[PDB]
Amino acid sequence: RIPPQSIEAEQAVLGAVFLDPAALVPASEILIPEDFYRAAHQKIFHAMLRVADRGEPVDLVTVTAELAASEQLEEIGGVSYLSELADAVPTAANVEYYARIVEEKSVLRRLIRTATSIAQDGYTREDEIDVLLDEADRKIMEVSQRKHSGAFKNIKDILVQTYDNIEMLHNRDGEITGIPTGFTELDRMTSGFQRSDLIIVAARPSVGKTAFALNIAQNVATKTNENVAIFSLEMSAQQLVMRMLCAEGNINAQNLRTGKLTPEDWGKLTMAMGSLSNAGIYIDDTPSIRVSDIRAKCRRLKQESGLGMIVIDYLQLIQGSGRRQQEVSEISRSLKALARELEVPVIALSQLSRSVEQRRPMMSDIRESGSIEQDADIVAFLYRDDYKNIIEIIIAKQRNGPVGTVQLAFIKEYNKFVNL
Amino acid sequence: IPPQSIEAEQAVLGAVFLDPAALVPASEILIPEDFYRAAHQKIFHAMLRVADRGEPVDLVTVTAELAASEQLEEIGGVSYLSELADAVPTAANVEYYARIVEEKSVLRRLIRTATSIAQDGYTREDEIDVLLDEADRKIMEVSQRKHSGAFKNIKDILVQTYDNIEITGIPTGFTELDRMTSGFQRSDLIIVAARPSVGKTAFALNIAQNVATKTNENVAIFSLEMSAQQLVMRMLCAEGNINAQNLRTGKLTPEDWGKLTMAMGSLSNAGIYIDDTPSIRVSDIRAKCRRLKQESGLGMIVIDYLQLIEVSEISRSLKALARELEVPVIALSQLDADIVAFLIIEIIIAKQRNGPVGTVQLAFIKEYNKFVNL
Amino acid sequence: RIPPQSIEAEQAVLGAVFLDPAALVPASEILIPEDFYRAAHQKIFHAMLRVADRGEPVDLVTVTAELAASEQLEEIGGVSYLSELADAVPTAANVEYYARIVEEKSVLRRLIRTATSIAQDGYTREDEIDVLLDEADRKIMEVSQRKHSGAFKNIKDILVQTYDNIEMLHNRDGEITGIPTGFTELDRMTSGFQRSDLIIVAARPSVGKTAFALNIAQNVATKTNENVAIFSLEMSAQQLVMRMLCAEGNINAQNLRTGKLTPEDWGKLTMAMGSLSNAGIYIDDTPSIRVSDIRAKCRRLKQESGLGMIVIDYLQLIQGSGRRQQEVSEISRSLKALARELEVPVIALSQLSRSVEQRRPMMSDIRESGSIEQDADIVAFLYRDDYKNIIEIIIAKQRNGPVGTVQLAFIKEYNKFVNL
Amino acid sequence: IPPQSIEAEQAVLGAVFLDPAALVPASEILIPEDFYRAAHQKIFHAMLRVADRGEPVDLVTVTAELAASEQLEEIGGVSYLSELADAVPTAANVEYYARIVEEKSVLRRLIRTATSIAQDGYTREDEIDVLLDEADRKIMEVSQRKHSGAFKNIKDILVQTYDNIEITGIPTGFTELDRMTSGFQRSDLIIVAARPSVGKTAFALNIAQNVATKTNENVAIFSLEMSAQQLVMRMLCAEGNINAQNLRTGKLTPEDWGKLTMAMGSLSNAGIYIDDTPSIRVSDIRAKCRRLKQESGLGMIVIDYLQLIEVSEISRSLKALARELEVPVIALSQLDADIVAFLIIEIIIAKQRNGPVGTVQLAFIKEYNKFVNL
Amino acid sequence: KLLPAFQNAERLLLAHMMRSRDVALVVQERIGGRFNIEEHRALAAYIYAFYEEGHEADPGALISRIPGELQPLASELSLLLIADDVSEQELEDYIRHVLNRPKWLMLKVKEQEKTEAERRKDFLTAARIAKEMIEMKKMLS
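Chains as they are written, first to last, in the deposited numbering: chain A, 8 to 330, 335 to 370, 374 to 401, 409 to 441; chain B, 9 to 174, 183 to 325, 338 to 363, 389 to 396, 411 to 441; chain A', 8 to 330, 335 to 370, 374 to 401, 409 to 441; chain B', 9 to 174, 183 to 325, 338 to 363, 389 to 396, 411 to 441; chain C, 455 to 595. A prime marks a further copy of an entry chain.
Hints were generated in silico from the structure; no laboratory data involved.
There could be a bad hint or two in this list.
To be verified - Keeping only pairs whose Cα atoms sit at most 20 Å apart, straight-line, the calculated EDC-like set for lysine to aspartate or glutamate is:
{"#": "1", "chain 1": "B'", "residue 1": "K347", "chain 2": "B'", "residue 2": "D144"}
{"#": "2", "chain 1": "A", "residue 1": "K160", "chain 2": "A", "residue 2": "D144"}
{"#": "3", "chain 1": "A'", "residue 1": "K418", "chain 2": "A'", "residue 2": "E192"}
{"#": "4", "chain 1": "C", "residue 1": "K591", "chain 2": "A'", "residue 2": "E149"}
{"#": "5", "chain 1": "A'", "residue 1": "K418", "chain 2": "A'", "residue 2": "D94"}
{"#": "6", "chain 1": "A'", "residue 1": "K275", "chain 2": "A'", "residue 2": "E434"}
{"#": "7", "chain 1": "B", "residue 1": "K309", "chain 2": "A'", "residue 2": "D171"}
{"#": "8", "chain 1": "A'", "residue 1": "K154", "chain 2": "B", "residue 2": "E352"}
{"#": "9", "chain 1": "B", "residue 1": "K347", "chain 2": "A'", "residue 2": "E192"}
{"#": "10", "chain 1": "B", "residue 1": "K154", "chain 2": "A'", "residue 2": "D144"}
{"#": "11", "chain 1": "A'", "residue 1": "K154", "chain 2": "A'", "residue 2": "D144"}
{"#": "12", "chain 1": "A", "residue 1": "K275", "chain 2": "B", "residue 2": "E174"}
{"#": "13", "chain 1": "B'", "residue 1": "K304", "chain 2": "B'", "residue 2": "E352"}
{"#": "14", "chain 1": "B'", "residue 1": "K160", "chain 2": "A'", "residue 2": "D171"}
{"#": "15", "chain 1": "A'", "residue 1": "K409", "chain 2": "A'", "residue 2": "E192"}
{"#": "16", "chain 1": "A", "residue 1": "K275", "chain 2": "B", "residue 2": "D171"}
{"#": "17", "chain 1": "B", "residue 1": "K304", "chain 2": "A'", "residue 2": "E149"}
Stated by the list, open to error - Partial list, derived from the structure: chain B residues whose beta carbon lies under 8 Å from chain A':
{"#": "18", "residue": "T131"}
{"#": "19", "residue": "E133"}
{"#": "20", "residue": "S284"}
{"#": "21", "residue": "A286"}
{"#": "22", "residue": "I290"}
{"#": "23", "residue": "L308"}
For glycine and all other residues, C-beta sits at the position ideal for the given N, C-alpha and C.
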């Protein structure tokens with residue numbers, strides 16, 4: 008001994024049902040009474056199910072009545088005991104997780120039971136053997152096919168979601184409820200980037216995720232009265248201002264890189280600086296910050312000058328709480348908490364795995383780097399069709422609003438994204 | 009008694025049970041190893057392991073997690089988890105309590121590092137120089153850091169970006193290179209990388225000369241390959257355009273004699289401090305450089321080259349030396390850094420903290436080992 | 008405990024000063040009184056320094072007087088004790104080494120002291136922390152910057168040595184005090200190879216170090232009345248005689264390698280043999296001899312027929328006393348002892364590391383194969399300018422005489438070096 | 009009681025303290041491991057470790073060295089070092105005392121090796137053939153050696169170099193090859209290396225034939241790939257110019273029959289002793305060859321080939349066999390040695420102890436597996 | 455315990471002269487003895503007489519005319535580890551250790567002079583004495 012069990016989880020399942028009758032549906036889906044290790048819990052779950060099958064409300068009173076009529080009340084500890092179960096549940100909404108724990112421990116008991124049974128038969132019947140091996144095969148497989156799996160989503164139901172998506176993509180009108188992006192076509196879908204949202208922009212190297220984020224940050228700060236906080240972990244503050252000066256005044260980048268500057272390309276530079284000086288752009292070019300540092304700096308900024316957006320130049324460079336799989340999840344989770352705290356959209360750039368080439375990016379390409387998928391309420395991919410200087414912005418996830426591809430044009434010479 | 013705060017620890021774990029959101033700020037500031045008590049360590053780990061799945065963190069899911077990995081009993085059982093959950097009146101100050109736990113953790117690490125060094129002083133006796141270097145390193149590695157809290161306003165960067173195109185430091189002797197740097201600024205660590213025969217040593221010497229004979233600045237050169245004798249031979253050979261082959265093979269023509277007496281009178285006025293001790297340590301560099309400044313003045317520090325002094341430590345330690353003596357340090361390399394410059412020869416620059424990133428071009432006379440302008 | 012110390016070394020330092028007053032200069036440079044672990048030794052070193060600062064002679068009497076006046080004589084053990092220190096020094100000239108040992112043990116005590124201090128502060132002040140870490144950084148660095156380093160050699164002083172070298176290279180006249188080489192230009196500088204000198208001739212493969220050594224050995228034996236002992240560890244005795252037959256009579260080497268021999272090229276061979284038979288050339292072609300074997304054979308030869316030179320075809324092939336870094340040093344040291352014993356120049360060929368190509375050879379190229387640099391009183395490098410059949414002989418080190426490049430011409434066809 | 013000389017040891021260490029120069033001759037003759045007593049071993053090591061730095065060797069520097077590596081006390085303390093330094097009246101005879109220490113060391117090694125072999129005789133029973141081979145090897149490895157003391161005068165080499173251009185051994189049957197060797201000399205180990213299909217086996221057989229049918233010498237051939245049957249088939253096939261395909265595929269023309277009866281009458285007069293046992297050991301070669309000489313005569317020994325019999341041992345053991353039977357041994361190889394010969412086909416020779424190093428050229432008929440002159 | 459150099463030097467010398475009359479004659483002129491240890495002077499006398507009668511290199515016959523009390527010592531020395539061919543430098547070294555042994559003993563007279571000065575606090579005298587002794591010590595080693 009002792010047989011795999013979780014009295015605590017069993018207690019929380021039954022408790023949940025007593026706090027919210029709706030908790031019984033998820034529990035009955037995952038468990039049958041016999042999954043409970045403790046006899047009293049079996050009797051109790053069975054009483055609940057019976058009451059439920061009659062279409063009668065399942066609560067402390069009807070379960071008490073049910074058990075009294077089947078002469079099982081005292082045996083399971085009485086009304087007092089039903090009370091304790093009600094106090095043993097940390098949160099009724101977590102009932103599936105408690106249920107799964109109970110189920111897991113039931114499956115293990117069946118594994119142990121059938122394995123032992125096979126071992127015993129080995130010493131006894133001795134005898135047949137060929138039948139023994141076959142039923143040993145048979146019995147072990149039966150343990151797995153027990154857990155609550157499924158279900159398959161039916162094509163009809165997806166077609167509905169698919170069509171309703173196409174509805175939203177055309178029903179697209181037209182107010183910008185969040186922070187305008189400057190890319191009117193991206194604003195149609197998003198509306199635009201909204202407060203408290205975690206926005207993830209993933210793209211393979213050379214695609215232009217950095218330029219994309221800077222263009223957005225640049226449009227917000229120069230066009231709207233809002234402040235943008237940019238964290239550049241791979242690129243210095245001057246190296247990044249160089250790129251948004253070019254983008255601003257239409258100055259050939261390579262031209263600046265080589266000193267060459269036509270007399271009027273210079274006049275072009277002074278107007279860029281003039282207009283860019285009025286913008287509320289705050290840059291932190293610290294090589295590998297932790298999320299706490301990011302958070303603290305943004306915190307001080309919002310209450311010192313006000314804050315509208317946070318842009319982080321790629322997330323895989325943020326160092327964890329210590330000195335990578337689990338580590339990235341916490342950062343992801345932390346960035347979402349950052350968004351909620353400061354009531355601001357957080358744009359975190361992400362790099363994609365080399366899977367896109369093994370096939374147009376999809377969720378599974380960041381799923382091997384997850385679980386950013388869960389935390390992000392909006393995940394965007396950048397894909398160039400020709401690797409036409411046109412680039413695609415695939416919105417793969419959006420919690421409130423449609424899913425589709427917005428299209429923009431990229432100008433290499435100025436490192437810009439323009440409308441279409 | 010090792011620095012600790014059981015109460016802070018207890019509030020952190022307690023806060024997590026009271027409001028699962030509290031795990032995010034705590035997980036930002038702490039790792040399980042920061043908790044002084046194993047029980048708490050085990051608990052905080054279980055807590056993180058559930059969030060990563062990612063399931064809700066509460067008494068049941070955490071209990072089940074500890075039990076599954078056979079450590080519910082070791083941490084005090086459900087009693088203790090409940091004690092922690094029932095004690096906590098709030099979760100609003102999790103990061104206050106988290107930061108206390110973190111501090112005590114740092115202090116323990118400080119103590120552990122120092123004790124180890126103290127103990128090594130008796131046991132390895134035997135390895136003095138290695139001991140002093142690794143003690144420097146070990147102490148440095150106790151402290152992170154941090155990044156205070158200063159966003160750079162765009163207005164401030166713009167001025168620095170404008171002024172960064174259209183000679184405030186130490187003149188190199190190459191006008192076109194002085195344009196890109198203007199010139200060699202104090203406390204900068206300058207890395208000059210190159211391949212066989214270009215040549216790195218010639219370039220280093222030229223700058224050391226052009227600084228020392230044109231400015232009243234003292235340069236400290238550390239050559240690990242060629243002797244001070246060979247180094248000075250190359251310098252006056254370039255200084256007065258004298259053919260090396262003639263200095264080496266005795267016979268000098270009278271153009272060379274007059275050309276020589278000129279070059280060493282000119283070179284006697286510098287300004288040049290050489291150290292040609294084979295394998296030198298970064299700290300030995302500091303000792304000699306600190307004693308030089310405090311007695312004479314300086315400076316500029318030229319090192320040829322850095323893989324004869338794990339390179340990360342040396343590099344970082346060189347930056348500290350530059351910042352300590354308020355003087356530029358040029359370190360050569362063969363194919389954290391302030392300026393990175395690779396090598411009719413082309414000088415490509417890949418990194419500069421304040422200056423313009425571009426490419427310069429210089430000529431090279433083979434027979435004098437000299438670099439000249441265009 | 009116990010604190011790092013060397014009473015023996017402390018005793019030898021103070022003793023040295025009592026045997027040779029000059030020993031105090033090196034000692035005071037490396038040590039201050041507080042470096043001595045033993046109080047009596049501190050008091051004694053301090054008394055010496057005081058006497059010295061007055062410009063008064065430091066010996067047993069004035070140190071005794073000094074300590075008597077500061078009431079410290081009995082406390083440090085009296086005159087009798089100053090006597091013991093004088094008997095505790097193996098050799099006064101080794102005072103720097105004793106001093107360094109004392110210094111080393113002092114530095115360790117400071118490391119231990121400051122480390123402990125940091126540990127203690129960790130438990131006490133708790134409090135501040137940020138200041139603690141900074142002063143912990145600060146205090147640890149201070150331990151290193153304590154040892155006696157320096158000094159930088161000043162350019163003025165080197166210019167003097169440089170100019171005095173140029174003096175010797177032109178002041179070159181003209182008598183051959185040692186063994187003539189046959190290469191008049193090498194003889195100007197060397198004068199030529201002298202008795203008891205260890206001469207190291209290093210060169211990368213294909214440069215011609217072997218041919219160089221053979222030419223010298225050949226010139227000595229055929230021109231002068233002296234005997235040359237050649238150890239060829241990579242090349243057989245006949246294979247080596249083949250090369251000096253060619254060199255002697257001007258016979259195309261490849262021509263011999265293929266049987267081809269013009270009628271008069273044959274008459275050329277008989278004159279080479281005739282002249283070469285009278286020469287005192289002794290060859291040992293033992294594949295990998297130890298130095299003791301080399302030494303014993305040379306020993307017997309000098310007292311049996313007389314000996315003038317020893318040539319060893321590359322040193323990295325000599326096997327050590329056992330069955335490589337430390338091993339080569341002992342061989343080097345042993346070859347120098349060989350030179351001194353037999354009062355004969357020893358020419359040991361050496362191979363260079365692949366560093367020359369990573370840049374004209376210099377000392378550091380054999381320094382990674384040292385410490386041959388120390389033992390050799392003359393180190394020569396062979397460098398070919400075109401890898409003009411001309412080859413350079415760089416004399417990098419010469420204890421008595423100049424440093425420079427002598428130039429000779431190489432003839433591939435005959436495997437010879439000729440004058441210029 | 010293991011062979012030792014504490015007194016010799018004590019004089020050596022003592023001599024070093026009395027005159028640091030004495031370390032050089034001792035270090036030539038000895039290594040720390042040669043000293044029977046650990047204390048002395050430790051001391052001599054410390055002594056060498058200081059010289060290598062390279063600092064002066066004396067009581068203080070050595071004491072400090074032993075103490076630094078925590079072994080001053082184990083070796084007897086400064087008392088013992090002083091005892092050793094005070095006992096020594098001279099250092100003129102260091103190498104006399106050094107050589108005594110070395111001898112005792114050798115004898116210990118002899119004893120250790122032999123005891124081990126004796127012990128293995130009981131424990132591995134099981135592995136007889138492997139045991140005998142490694143016992144041979146292990147004993148050989150006890151003794152070095154040395155190189156007596158004979159310089160070769162140039163006069164003596166010159167005669168051998170002259171006579172080495174313009183048939184004293186065993187005739188190969190190839191006049192042009194007999195020029196370069198004249199011919200196959202006694203006690204020589206001859207290695208003939210080659211690549212797939214040239215072919216090594218054909219060459220070996222040809223020489224074995226041409227020696228055995230033209231001279232009254234007996235050859236011992238060891239073939240590890242092809243059987244004695246296949247080997248003789250190839251020989252009479254080449255002997256009488258018979259097309260192999262006809263011998264194999266029954267049908268022989270009457271040119272072949274008469275040509276065959278000729279070849280085996282001619283081959284019956286030899287002179288040929290074959291051993292086609294798959295994996296043979298070098299010692300098994302010796303047993304059969306010694307019993308052959310002593311009963312019949314010989315010889316020449318042909319081996320095809322050597323990587324079917338770690339190659340260093342085999343090779344060395346083959347040289348001993350050649351020198352023992354006063355007979356030439358030709359061992360083939362696939363791509389210490391007396392003659393090395395690689396393979411219209413060209414025979415390149417890379418090594419010859421007394422003969423001329425050059426290149427010979429022979430023809431090869433594919434259909435008869437025969438090599439012929441030009 | 456190991457023996458002092460001068461004593462080893464006498465023993466080795468004796469061991470050699472017992473097997474070589476060539477060496478026995480050299481020691482007779484260069485050393486009295488003059489040997490420092492009584493037993494060694496006694497053996498010396500018996501070794502000198504061995505040739506001043508005729509007898510040549512034979513440690514067998516020597517250990518039979520020796521007065522029995524010395525026999526144990528002569529016996530011991532005739533087995534001592536020696537290569538019976540002494541080097542030129544070895545003799546110089548051995549003889550030198552024997553000849554200036556009395557000179558090291560002269561020091562101890564001054565050593566008492568020094569400590570007595572020291573006892574009556576006459577320190578500069580004591581130091582002067584010690585200063586002299588260092589010179590005498592240098593003079594010997």
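Requested in this report: Verify the interface restraint on B/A286: the C-beta must sit less than 8 Å from at least one C-beta of chain A'.
Outcome: 6 Å, holds
**Report entry** Agreement of B'/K347 and B'/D144 with the hint, judged by alpha carbon distance not exceeding 20 Å
**Finding:** 14 Å, holds
Query raised in the report: Do the alpha carbons of C/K591 and A'/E149 lie within 20 Å of each other, as the hint requires?
Result: With a Cα-Cα distance of about 44 Å, the restraint between C/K591 and A'/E149 is violated, given a limit of 20 Å.
Query raised in the report: Keeping to a limit of 20 Å between CA atoms, is the pair of B/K154 and A'/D144 held or broken?
Result: 16 Å, holds
Report task. Using 8 Å as the Cβ threshold, decide whether B/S284 counts as touching chain A'. Result -> Hint on B/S284: holds, closest Cβ of chain A' at ~6 Å, below 8 Å.
Query raised in the report: Are the Cα positions of A/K160 and A/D144 separated by 20 Å at most?
Result: Violated, because 31 Å separates the two Cα atoms, which is more than 20 Å.
Query raised in the report: Quick one, are A'/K409 and A'/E192 close enough, alpha carbons at most 20 Å?
Result: Cα-Cα ~18 Å, so holds.
Query raised in the report: Is A'/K418 within 20 Å of A'/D94, Cα to Cα?
Result: 39 Å, violated
Query raised in the report: Between A/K275 and B/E174, is the straight-line Cα distance small enough, at 20 Å or below?
Result: 15 Å, holds
Query raised in the report: Going straight from one Cα to the other, do B/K309 and A'/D171 come out at no more than 20 Å?
Result: 30 Å, violated
Query raised in the report: Given the hinted pair A/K275 and B/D171, is their alpha-carbon gap at most 20 Å?
Result: Holds, at roughly 16 Å.
Query raised in the report: Is the shortest C-beta separation between B/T131 and chain A' less than 8 Å?
Result: 10 Å, violated
The structure fails to meet hints 2, 4, 5, 7, 9, 14, 18 from the earlier list, while all remaining hints are met.
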